[PDB]
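Peer 1: Can you build the whole structure from these sequences, using the hints too?
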Amino acid sequence: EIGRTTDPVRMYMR
Amino acid sequence: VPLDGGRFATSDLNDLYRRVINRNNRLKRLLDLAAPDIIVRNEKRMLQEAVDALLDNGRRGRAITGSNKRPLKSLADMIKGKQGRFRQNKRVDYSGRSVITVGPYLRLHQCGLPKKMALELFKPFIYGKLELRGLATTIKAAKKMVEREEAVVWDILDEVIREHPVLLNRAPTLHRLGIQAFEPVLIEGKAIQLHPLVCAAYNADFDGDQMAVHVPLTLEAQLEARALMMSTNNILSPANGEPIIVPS
Amino acid sequence: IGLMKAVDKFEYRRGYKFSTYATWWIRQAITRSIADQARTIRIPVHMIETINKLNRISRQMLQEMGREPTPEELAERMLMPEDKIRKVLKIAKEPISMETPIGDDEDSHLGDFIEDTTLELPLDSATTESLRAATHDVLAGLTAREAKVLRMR
Amino acid sequence: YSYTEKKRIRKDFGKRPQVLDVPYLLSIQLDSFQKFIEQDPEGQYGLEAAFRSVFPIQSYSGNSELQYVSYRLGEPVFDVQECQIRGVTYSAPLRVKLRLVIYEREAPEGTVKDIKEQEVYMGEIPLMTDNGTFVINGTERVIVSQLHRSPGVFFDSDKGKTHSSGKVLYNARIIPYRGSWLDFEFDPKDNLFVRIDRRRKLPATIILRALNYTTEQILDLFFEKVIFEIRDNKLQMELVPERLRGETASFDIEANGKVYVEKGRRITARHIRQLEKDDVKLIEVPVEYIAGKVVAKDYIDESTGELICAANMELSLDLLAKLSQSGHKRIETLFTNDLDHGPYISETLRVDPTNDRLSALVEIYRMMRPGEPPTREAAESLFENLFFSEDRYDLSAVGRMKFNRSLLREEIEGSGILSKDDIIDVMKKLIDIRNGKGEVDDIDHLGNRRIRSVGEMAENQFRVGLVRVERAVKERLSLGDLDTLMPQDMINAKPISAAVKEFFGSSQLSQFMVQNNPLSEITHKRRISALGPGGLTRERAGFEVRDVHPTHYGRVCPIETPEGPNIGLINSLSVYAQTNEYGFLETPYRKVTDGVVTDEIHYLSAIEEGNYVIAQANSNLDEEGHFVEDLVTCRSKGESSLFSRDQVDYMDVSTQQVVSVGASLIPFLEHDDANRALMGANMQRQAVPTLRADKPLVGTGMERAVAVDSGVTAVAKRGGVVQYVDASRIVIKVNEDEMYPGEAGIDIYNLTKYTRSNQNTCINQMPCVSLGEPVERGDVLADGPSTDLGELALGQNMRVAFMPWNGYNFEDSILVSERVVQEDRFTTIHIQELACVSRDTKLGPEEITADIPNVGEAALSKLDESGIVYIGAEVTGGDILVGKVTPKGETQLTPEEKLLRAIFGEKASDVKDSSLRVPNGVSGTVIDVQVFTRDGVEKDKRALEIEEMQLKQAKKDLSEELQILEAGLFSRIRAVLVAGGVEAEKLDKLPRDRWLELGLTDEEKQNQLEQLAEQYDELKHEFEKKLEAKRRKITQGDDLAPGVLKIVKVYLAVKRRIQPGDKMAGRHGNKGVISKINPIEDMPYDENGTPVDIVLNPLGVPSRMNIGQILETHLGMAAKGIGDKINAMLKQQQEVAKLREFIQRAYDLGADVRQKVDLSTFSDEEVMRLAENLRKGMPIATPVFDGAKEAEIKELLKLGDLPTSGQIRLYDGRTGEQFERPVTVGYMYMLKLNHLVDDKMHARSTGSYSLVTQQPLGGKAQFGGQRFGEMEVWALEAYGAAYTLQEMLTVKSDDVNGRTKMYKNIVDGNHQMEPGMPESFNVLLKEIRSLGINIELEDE
Amino acid sequence: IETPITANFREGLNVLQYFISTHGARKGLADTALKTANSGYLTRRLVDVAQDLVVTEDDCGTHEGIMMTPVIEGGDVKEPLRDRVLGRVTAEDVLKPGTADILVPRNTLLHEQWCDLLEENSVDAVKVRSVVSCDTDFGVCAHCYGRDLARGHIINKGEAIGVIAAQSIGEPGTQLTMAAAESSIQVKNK
Amino acid sequence: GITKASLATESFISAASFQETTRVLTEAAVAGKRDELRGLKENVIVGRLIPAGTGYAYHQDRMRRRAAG
Ligand SMILES: [Mg+2]
Ligand SMILES: [Zn+2]
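So the protein lines, in turn, are chains A, B, C, D, E and F. Count along the first sequence from 1, add 89, and you get the number used in full-length UniProt numbering. Residues 253 to 341, 345 to 503 (full-length UniProt numbering) are what the second sequence spells out, left to right. Count along the third sequence from 1, add 409, and you get the number used in full-length UniProt numbering. Count along the fourth sequence from 1, add 2, and you get the number used in full-length UniProt numbering. Residues 755 to 932, 944 to 955 (full-length UniProt numbering) are what the fifth sequence spells out, left to right. Count along the sixth sequence from 1, add 1307, and you get the number used in full-length UniProt numbering.
Just so you know, these hints were derived from the structure itself, not from any lab. Backbone N, C-alpha and C fix where the C-beta goes; we use that ideal spot for every residue, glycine too. Each hint should be verified, as a subset may be incorrect.
[As the list claims (entries may be wrong)] Label-pair restraints from in silico Cβ distances: (1) E:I755 <-> D:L633: 48 to 56 Å; (2) D:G566 <-> C:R448: 38 to 46 Å; (3) D:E1197 <-> E:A946: 46 to 54 Å; (4) D:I1079 <-> B:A406: 49 to 57 Å; (5) A:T94 <-> C:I460: 32 to 40 Å; (6) A:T94 <-> E:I755: 50 to 58 Å; (7) D:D937 <-> A:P97: 49 to 57 Å; (8) C:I460 <-> D:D1241: 52 to 60 Å; (9) B:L474 <-> D:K1262: 27 to 35 Å; (10) C:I460 <-> B:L265: 41 to 49 Å.
[What the hints assert, rightly or not] In silico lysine-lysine, DSSO-like type, Cα no more than 30 Å apart, as pairs: (11) D:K496 <-> C:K462; (12) D:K1328 <-> F:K1340; (13) C:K462 <-> D:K1242; (14) D:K1242 <-> B:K398; (15) D:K439 <-> D:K422; (16) D:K227 <-> D:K260; (17) C:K499 <-> D:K1262; (18) D:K1242 <-> C:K502.
[What the hints assert, rightly or not] Here are some, though not all, of the chain F residues that point toward chain B, as calculated from beta-carbon distances under 8 Å: (19) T1310; (20) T1316; (21) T1328; (22) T1329; (23) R1330; (24) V1351; (25) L1356.
Peer 2: Encoded structure:
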């Protein structure tokens, strides 16, 4: 589920 | 630095240091206000993206500049290659450039040099004579005798250029024969004359090509321009014994 | 940090739902932070209210007047002293970044053309070195007791 | 017959007729901006189709509409030249109508309420000047065109390199005008792969399964079926005959009775022919043969209900056993033959993991927005917004046309966004490329590269701005209340007017105008750049699009580009070329009927011209259109060949159809290598306009169309009679019939005296007509910069000789006589400009006082007491132009000097001197001064004395125009009103002012009375207000930058002669720097003392193959042997009978030419005037490829008594002996490029120093030192030189306190230096420590 | 192309003969505009690996060299043996082809005469000392390198042969842009 | 090759100057190199006499002092 995402805004919402 | 008119011209680090001291200054606060571990745990994750946008900005989301649409320029993007090093390998005083022409009356070891240029490269030497021969009481009163172009300096300038080799050099300097000293002779005009035999070492047509002219300054540096680099020592190209001053 | 304060002083007895009270303390912060860490050369918080009025009012005189607003009709429309509107106009401009590539996008930047003035002309420093010649020689051609005090005064 | 023709008739060689006239050279610009700002009541491009691309903005579920009605462009506030002096753009305020209807919140959707918002103002759009050049900031800019790929589908291959084993890997692509991409392709295992803009790959069926298609329907559109039956006999398979294409059968051949083939033998068409005869429809095959197929659709266990075989599951022999009993008999397989029908879509059906719709979007979403976890109403939202959402995708009006054409579909109209019926077709047509039966499309073919003019770029940059207002009107129309607001609280004109004003201001395209000619501006508007926003890049593109396709023939010049990094990305447009309705270029062609060449001219696109057979312009016709050759030359499919006389469809218009407008003026272009005739086209856009040019002695006839199409000339607008000439005004009394119906009078043209262009040259006009000339429509009244009588003279033409002379022309360089410096023919004029602004410091304001600290009257002589300089005072280098002093405190003066003050009493400075002194090395009369002042600071006396003198001129001509335009208002009613009442000798006694009571009978004579009356009161009422508005914008203040107090702008008309260093050059790419300026008598004199004026070198012609110059040098000598045969015949005043006998034998003089000039001109007063302009030389002409053959030249020399060979014997100038083996002497036409010498020679001994790193630069009236770059240090280590190298980068450049000693050692005669360490290395230790790293130095 | 442009530059070239020629003068300029950007990075690397090399001795002593055989181009010669070995030392003194007829001694500069004194004889190869086989640390000795210079002497100690040997290779290249039967083995010699 | 032989040099300035630079400081800063300035392109940066040519003489004397008198 951690599809190589980098920017925190992808990680904040996640 | 403040520009002329009101605007300022900041470097692109004061846009990045403000972004670490601000985020770090807030994270000092959440540990006192005691927020949940969903925010402060999002703070460190957000600080650490701004200390690593300072060292080498670009190995991440590329935190582009504000108020503009080009990426900021971090520290490790200041040493990185422009194809030449940040330091030396440099601009240079005592230089010039002009349109070369032919002048086929010169000997092999001398290039022209216009009066209007040589009076501007050899200025600190000329100040020596005008205060040595007593023709100017003090240096501030020799600066106003060279600006007036008084008819005395045209005879002092020609003794500063007795045996003072200069260094003509063309732009894309491929091989070591692309830099050669010469002994100037003062002409009138604004084109650096140049002996026709040598124009096939620089690879210079005379149709607008220009040529800088440096000046070896010290006393050990106008012998290296007279023993090693003079134009009458290089009659054999280093790549092979064949001549390089063939009448073209 | 705003919302963390709203729920701090929240009070439900007055009936109003949480969203219609947390929407103030939240928006209160993001308009107090923007006036604090948005500029390089920071301008105070009591002044951004005055800059934002000059654009809220030079934008309302733009449809009515149609042409454009003068530097003086704002003095009539607003109530400034006719010069504060001339001092509020020399502030808000941000700094041009010192790496903006100048025309033709050549191998140049703006930071290669701004020379520095702290230094001194080496003729300006070759006279002061020369001046100590005279005042050490001319002033040496004096008497003894009458030159020491001239050098100590 | 043309009144400018009969003043000097240019002799014209050339044989082919001209069927088509050279069109208006600027239609590329002046027309594709008329589309933009112009009322279009329909859906074409233009502003009216930009609003409709957005409006009406339906609210966000509130349903309070906002709809567009109409717009209207106000008039500008300022005229053009007022917009160039004052220094602000030339715009026109926009005005939109917006209605705001508020539907009822609950009740029916009835006409509830609204307000017709009275013209919400939403920005200012700049306007194009008359010529086609914008005025952005007091600087005429120009917006080049652009050549980009047209939106469509481009199947391409990229063979060879990839995979290192052949394996041509085709692929498609779908580029829309606005929106994401879509990129199918193959892999090295024949599995289709889909893509989005550049994301990770995907199996191609993974988009089909998202369009709600099942594994059966996928395999139904892509393959053909092979029905199977089991009639309890050995599995007879059905069969059509054609299904056996190239089959290698391996069974017992049986069909309809006869065994056709042998088991293990390939089939034939004659085998096929044994099938239609037999009506073969069913055959027999064994039961093992069916283990090499795949199921065609679903077959489930109908007996039980468990799925037996799903589609795409190759057969297993137990499944036949499971099938032989399963109660199923309608078997099917897939027609899949590995030669032409490959199963490319089958294999990707397996690699696709997801096999239902909802679980494919979740795969698309998983890779189009990685990281975030999927959803359901989001993944559906993302997909149908990527392509099928009409806002974020829009193919084009043209993209659909290139889409329907490439699939061989029918029509050209269609929805702008994709559909399910288009993603399928591209996959099939992509597959068909793989199976052989389809060809790819190369990207260079000019049928795949449209052309965006200005009116299509400003709009896209506008509607992008229009959406940026739709972002806010919604949230204010939904979040905000709807009670009593108007449609003027939502619309804000800062963002809409910022999205366009930034376009014309800064761009790769919106570039300054290269304005030092009538030809370097008219060829900068027709440039076709391939760069820019949404296009190529000079470092990415290689030799693929830097080359000349065989489609450029007639639409883009092959021989005119730059030579730098972007050779081939500039591509100046051609002469006759135009654009389509969609953009694709095109070119005329004479329709060639069955036998005869017609004249109904067609314009062929780029993908139509490749069909027909087209002849060449040089093919003879026998006065009826029939070729006299049974076989002609043609070009048919991009090649060249011969064809039958009646096998050609079109013939080209003329011979100058291939070339540009630049390279169309090189005479004898057909005799030049394409290289050194490519340096010809780039050395006429640089030729400075000299003092007063004359004419090309050997032209090419295509010059009058370049000095009229550009606006430099003051072309006459209505024929008539000149009535008052003057060096600053021409008054054309209009004729009778071309006069307006009522209250017409006369016309008047103003000229534009000495004014500064963009390169600081001058551009001034001159009258060329006297009192009484009958002007005509399209005639000429005023020259410009380098035009003469209409012709385009770029430079001077001077007697040249080819011979080596004592080495003073060793290389390409040039010698020059001193009779070319005396006569002042190469002397040009330059007009600089200087600006002294007096800011408002924070220490007190600056002043413009004329008192300056410690300055002597030798410098304050020119400037008057007010401070500004005079007007006309010849200044030189170092003088003062504007006295300005700035307040300065904080003295803190040194201790030693603080005794120096007390000794003499030197009063310290309260104010520092920072006036504006002329830059060094310049001298020229100060021809003009202007003063701008912030409104609110008083005007000193010089600021008023300037202002009044333009206040008495603003009202003089503005009202004196009546005094000369009233002159004709009466002369038209005095030559009319003589009847209807006898007032001709009493017409003067009855006062012309007092003709309001009386009049004339009821005709125009009486209709002219109130005609010249109602606007006559307006001539006193309306016109008088034309004085207040003029006298309003004079007295008021100015709109200056913030802080600035008052500006001043001074000019200088420096006039620079010629000298050694300047860079002359001819037309044929033969540059040269002037090597010496001889005396009058060292130059080789021929048999009659006439010295030559240039001595070129003859070792330039053998290597560089430009044999143009050696031919233009002879025909340029026959045409000046006439000028000396007439100048003598006219100097004894023989007669107007001998001239008309000679001048008529100088005009026939050819081989089947098309001139026919004489026998009709006036008796004597027009031949003695034609023969009075030819006394300098009779101007020959030579079209580009219809040239003058060599025999046609020699027959012109022999008429002039010159020697036919073209070579005279020159005598030396110094000794006196004669050069053996005679020399050539002609008249070449020499330009003078603007690489002048005294703008190239800098020199620096000490000056400014940079800020962060302390090296030198140029910003302080003393440019940088030279660049002692990395390449030039390896040439000082090659020699042993290591003291020169150490000082060249320690003392001379970078050390701080190590060079303020090397300047004090030098002034004392002690040449010796103490190096120290550079300051550009101490910054490299602070820039590394500011990382984690820890750099230091050891100690020893 | 199948048909050649069949008219010189003294009579004109019609349009279709000029559009054909116009190409070849466009591939000519998109290479000279690129052979500089491409040969400007080949000499920037050769003078950054060969940077720190300097004649730092007077004679190494090693007895190991190479052999300089003339190049043989089928039945022709691409370079005489003499102009390949001029200006070099000699590792083992080549005598005449006859035994013990030593004409060129142990290592000596082969200048404009010792070539011809070994040109009169009929030697087919010499063993010369080459800089790839010297034995000095941090540099090369003087005899190993050889003779050349702008001057004619042996190479003076201290001379920086590293960088004058990476510009001589990258100075060309600006002009480095790029009977088919083969039936009989026919040699003119016997 | 020539693009990976001018990386494995003994210095860390004659490598960081021309090659990729981010990787020649990260690797030298971990091992604590000590560049001894016995080159040319490492010896014109600091701004002193290059050790080959007229400057080779004076280097005959500098190394003749350390570890001696
Ligand atoms: Mg040149
Ligand atoms: Zn050795």
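Peer 1: Does each hint fit the structure? Answer for all of them.
Peer 2: Hint-by-hint comparison with the structure:
1. E:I755 <-> D:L633: 48 to 56 Å: Cβ of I755 of chain E to Cβ of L633 of chain D: about 19 Å, so the range 48 to 56 Å is violated.
2. D:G566 <-> C:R448: 38 to 46 Å: holds, 42 Å
3. D:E1197 <-> E:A946: 46 to 54 Å: holds, 52 Å
4. D:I1079 <-> B:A406: 49 to 57 Å: violated, 24 Å
5. A:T94 <-> C:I460: 32 to 40 Å: Between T94 of chain A and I460 of chain C, where Cβ atoms are some 39 Å apart, the hint holds.
6. A:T94 <-> E:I755: 50 to 58 Å: holds, 57 Å
7. D:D937 <-> A:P97: 49 to 57 Å: At 52 Å between Cβs, range holds.
8. C:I460 <-> D:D1241: 52 to 60 Å: violated, 45 Å
9. B:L474 <-> D:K1262: 27 to 35 Å: Holds, since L474 of chain B and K1262 of chain D (Cβ atoms, about 30 Å apart) stay within the stated range.
10. C:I460 <-> B:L265: 41 to 49 Å: With Cβ atoms ~27 Å apart, the hint is violated.
11. D:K496 <-> C:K462: Judged against 30 Å, a Cα distance of about 15 Å means the pair holds.
12. D:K1328 <-> F:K1340: Holds. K1328 of chain D to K1340 of chain F sits at ~19 Å (cutoff 30 Å).
13. C:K462 <-> D:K1242: Since the Cα atoms of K462 of chain C and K1242 of chain D sit roughly 52 Å apart, the hinted pair is violated (cutoff 30 Å).
14. D:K1242 <-> B:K398: holds, 25 Å
15. D:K439 <-> D:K422: With a Cα-Cα distance of about 24 Å, the restraint between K439 of chain D and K422 of chain D holds, given a limit of 30 Å.
16. D:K227 <-> D:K260: Holds: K227 of chain D and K260 of chain D sit about 25 Å apart, inside 30 Å.
17. C:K499 <-> D:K1262: Distance of about 26 Å is within 30 Å: holds.
18. D:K1242 <-> C:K502: violated, 37 Å
19. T1310: Hint on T1310 of chain F: violated, closest Cβ of chain B at ~13 Å, above 8 Å.
20. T1316: Where the cut-off is 8 Å and the nearest Cβ of chain B is about 15 Å from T1316 of chain F, the hint is violated.
21. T1328: At 6 Å from the nearest chain B Cβ, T1328 of chain F passes the 8 Å test, so the hint holds.
22. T1329: holds, 6 Å
23. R1330: violated, 11 Å
24. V1351: holds, 6 Å
25. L1356: violated, 11 Å
Violated hints, in rising order: 1, 4, 8, 10, 13, 18, 19, 20, 23 and 25; the structure is consistent with all others.
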